[PDB]
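**Student:** Here the structure of chain A is known, so what remains is to put chains B, C, D, E and F with the ligands in place on it, guided by the hints.
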Amino acid sequence: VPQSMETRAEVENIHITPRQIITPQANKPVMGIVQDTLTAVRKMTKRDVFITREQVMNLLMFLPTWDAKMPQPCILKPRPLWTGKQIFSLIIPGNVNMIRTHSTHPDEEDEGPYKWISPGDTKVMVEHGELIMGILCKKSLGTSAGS
Amino acid sequence: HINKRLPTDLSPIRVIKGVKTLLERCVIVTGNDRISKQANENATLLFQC
Amino acid sequence: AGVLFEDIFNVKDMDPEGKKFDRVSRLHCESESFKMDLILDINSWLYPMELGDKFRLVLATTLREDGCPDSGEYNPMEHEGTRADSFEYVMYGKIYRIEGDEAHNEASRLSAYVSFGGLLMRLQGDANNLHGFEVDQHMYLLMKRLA
Amino acid sequence: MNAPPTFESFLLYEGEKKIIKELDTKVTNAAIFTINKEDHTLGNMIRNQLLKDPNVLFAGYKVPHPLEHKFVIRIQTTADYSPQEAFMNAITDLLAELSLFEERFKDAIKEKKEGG
Amino acid sequence: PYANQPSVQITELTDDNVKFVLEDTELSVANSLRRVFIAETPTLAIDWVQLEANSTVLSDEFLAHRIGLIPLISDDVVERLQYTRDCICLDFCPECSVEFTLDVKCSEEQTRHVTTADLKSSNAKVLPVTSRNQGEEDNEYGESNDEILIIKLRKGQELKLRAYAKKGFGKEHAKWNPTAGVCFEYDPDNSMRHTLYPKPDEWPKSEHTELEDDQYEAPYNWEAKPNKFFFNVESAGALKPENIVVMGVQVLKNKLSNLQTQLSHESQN
Amino acid sequence: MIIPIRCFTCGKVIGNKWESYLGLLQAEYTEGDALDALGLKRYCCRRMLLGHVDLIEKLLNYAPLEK
Ligand SMILES: [Zn+2]
Ligand SMILES: [Zn+2]
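Protein chains in written order, with the deposited numbering: chain A, 497 to 643; chain B, 987 to 1035; chain C, 2 to 148; chain D, 1 to 116; chain E, 2 to 270; chain F, 1 to 67.
It is worth saying that the hints were derived from the structure and are not from the lab.
Be aware that a few hints might be false.
Stated by the list, open to error - Derived DEER-like restraints, expressed as beta-carbon distance ranges:
id, chain 1, residue 1, chain 2, residue 2, range
1, B, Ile-1002, C, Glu-81, 39 to 49 Å
2, E, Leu-197, D, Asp-107, 52 to 62 Å
3, E, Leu-212, A, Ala-641, 46 to 56 Å
4, F, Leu-55, D, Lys-113, 37 to 47 Å
5, D, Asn-55, C, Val-4, 27 to 37 Å
6, E, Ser-258, A, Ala-641, 56 to 66 Å
7, B, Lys-1003, C, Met-50, 23 to 33 Å
8, A, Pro-609, B, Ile-1021, 52 to 62 Å
9, A, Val-530, D, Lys-113, 51 to 61 Å
10, C, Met-50, E, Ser-258, 47 to 57 Å
11, B, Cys-1012, A, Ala-641, 21 to 31 Å
The beta-carbon is built from N, C-alpha and C at its ideal position, and this holds for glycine as well.
Isolated chain A, as found in the complex:
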């Protein structure tokens, strides 16, 4: 426990945890999404995950940076459904643009005709801070550079 306000301000302005995200050792983040959080990130951002209105409205209570404007569903008829990518897009703030590959991305898919439309949903692409393509993994939400 610091015992003075100048030491308190030094803890605030230097030592605090969000200021210590990037290592100067290897210009990479030191903190990453780990364990079942990472496992359920991979299990949520799959293509087949369809989430009903009730579950989305429960899940949006845990996002304090939400602007209280509900996104329009991926499917409007007959039942309104959201996808896992459509609610991960709410988590990602600001203008964030990124292209990476999932760990099971085949090597011959990039030279094929299905480069920008993945049969296996393995080309991760985020445009304008909302997730568009791909299944996230350690390569996208880990300690690796350019994540």
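**Tutor:** Below, chains B, C, D, E and F with the ligands without anything else, positioned relative to chain A:
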């Protein structure tokens, strides 16, 4: 909201002027001496390239 | 008013490389009037289809029949009384890229890539049949199975 | 040593109000209700009773921490109908449903015992 | 925007177990009913133990822990007794607590089994559950030791104690839990695909199934909502299971009415 | 040392089902038939009787401190 299939209004001479102004304003070693200028391009050679 | 595209499609190949997702089917389709090519990911459990089916597909920019744009945020009021009543499958997405001529090629062919919340469409064909398509434009899929 | 008393999960302290209503400023006709010393029971019933109302647009509860016995509901309704009135209507409908279930269960117990 | 119309059908009722089906109600209501049967249903259990002679082989708090877990017959009593915090009394009024006594001294060479039959009660309606067991004179089972064994004593050891039993619910402590396992199940044929079987042929069929032998899952119905719930409430002997269900619904109604009263109280601001 | 009053996961009263369990074991039964005859159908209560060891019978062999 840049449309990449529509004609643009950016002349290349303004691109050259903006790049030159940006590289003149992106300094590391300050001063106007020969040593200071030479150390400035030696510090910013890879960034300028 | 607001209908960017409208055609009747025949399904000619369903999951050609194997079914990779449980609730998502991939349809390869060819049209009848305008010789288009379609790759579309649909919800398999919610709207099942078989090979050789015919379906009417309408790509619109709004559900309002007078052509005025929508509010952009979901409410569970206005999905009836509109152009979506005549269709059994309504989806919502946006274009993330348009391939084809780019800048240094002829405009004989054109491809448009749409991401409905993670589900993917590639619609390709003649460039004059894809007027009004642009990147980061939101759009509606309307889809009804024919007999 | 630091074990909290076991009766703090259901008993209010001195001067602790049960319901703390907070008006939302991001959108219109939205409220955040904070109920102390309760759990997922009341929150689950009230939310799934609120979602049967067509006049509500958003309804969701959250327990912010398992160690703090407290839960919140965000309710956003249309512009003719207060969220507090929606919370009244949900509680009243749950009470009516539970009373109907209680009398039906008493009738079923009576006929099962008398029928042999 | 209105309430449901819950219909109940009881498939089995006995002295310690009820099996019934809820029809046309939401899943939150059924899960909250299960939670209020486990946690917030009140019963009587021993809470105040004072020892005057503990010359046995077990400690004071171990014996207090073993005595406090003993279920007590509290069907006709718990709705009239108040909590200790809600009485004007201080020294444990009879409308606040139930007095129990025990005084066993072993003077024989064989092992003396101190059970719940030695736990005398000042109230004639609050007894341990073995009042249901001592009346079985048709004992072809072969063993008369049907009572909860509190402790064993050898010669020269004695146990004298005075205890007070209070009213409480299982949220405060698990000794006030009236049930012994509430089985709760909806959609036994997996017609809603709420859970995903990698191999549906590897799973045994539920007792409430409707499928024949060569089928393993019902066809998928995306329009289906959970409105049929199978409940099996088993009592631990403290309360009758129908009394467990009735008092659980009454506690839920009291909680909702208290929330309504507090909301209407804060509404005038 | 002694049999618990209640099952841990389950809450079913098992304090009256230890001497009967020992008598059924010594009569002629196996453990499974004894647990079925006692009525403990769930294995959560059957692990409370199969795994239990009675250390109070060893503690009772020692002479008491006070006569
Ligand atoms: Zn009292
Ligand atoms: Zn058990």
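**Student:** Hint by hint, say whether it matches the structure.
**Tutor:** Right, here's what the structure says about each hint:
For the pair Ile-1002 (chain B) and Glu-81 (chain C), the supplied restraint of 39 to 49 Å is violated, since their beta-carbon distance comes to about 58 Å. Separation of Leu-197 (chain E) from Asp-107 (chain D) is about 39 Å and departs from the stated range, judged on CB atoms against 52 to 62 Å. Between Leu-212 (chain E) and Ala-641 (chain A) the beta carbon distance is about 54 Å. The supplied range of 46 to 56 Å therefore holds. The given range of 37 to 47 Å is respected by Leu-55 (chain F) and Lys-113 (chain D), whose C-beta atoms sit roughly 45 Å from each other.
Evaluation of the 27 to 37 Å hint for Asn-55 (chain D) and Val-4 (chain C) yields a pass: the beta carbon distance comes to about 33 Å. Between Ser-258 (chain E) and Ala-641 (chain A) the beta carbons are some 59 Å apart, a value that agrees with the proposed interval 56 to 66 Å. With their beta carbons about 58 Å apart, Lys-1003 (chain B) and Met-50 (chain C) fall outside the hinted range of 23 to 33 Å. In this structure the hint that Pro-609 (chain A) and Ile-1021 (chain B) lie 52 to 62 Å apart at CB holds, the actual value being about 57 Å.
Distance hint check: the CB atoms of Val-530 (chain A) and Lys-113 (chain D) are about 57 Å apart, consistent with the given range 51 to 61 Å. At about 52 Å, the CB distance of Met-50 (chain C) to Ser-258 (chain E) agrees with the hint of 47 to 57 Å. Taken as a hint, the range 21 to 31 Å holds for the pair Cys-1012 (chain B) and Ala-641 (chain A), whose Cβ atoms sit roughly 23 Å apart.
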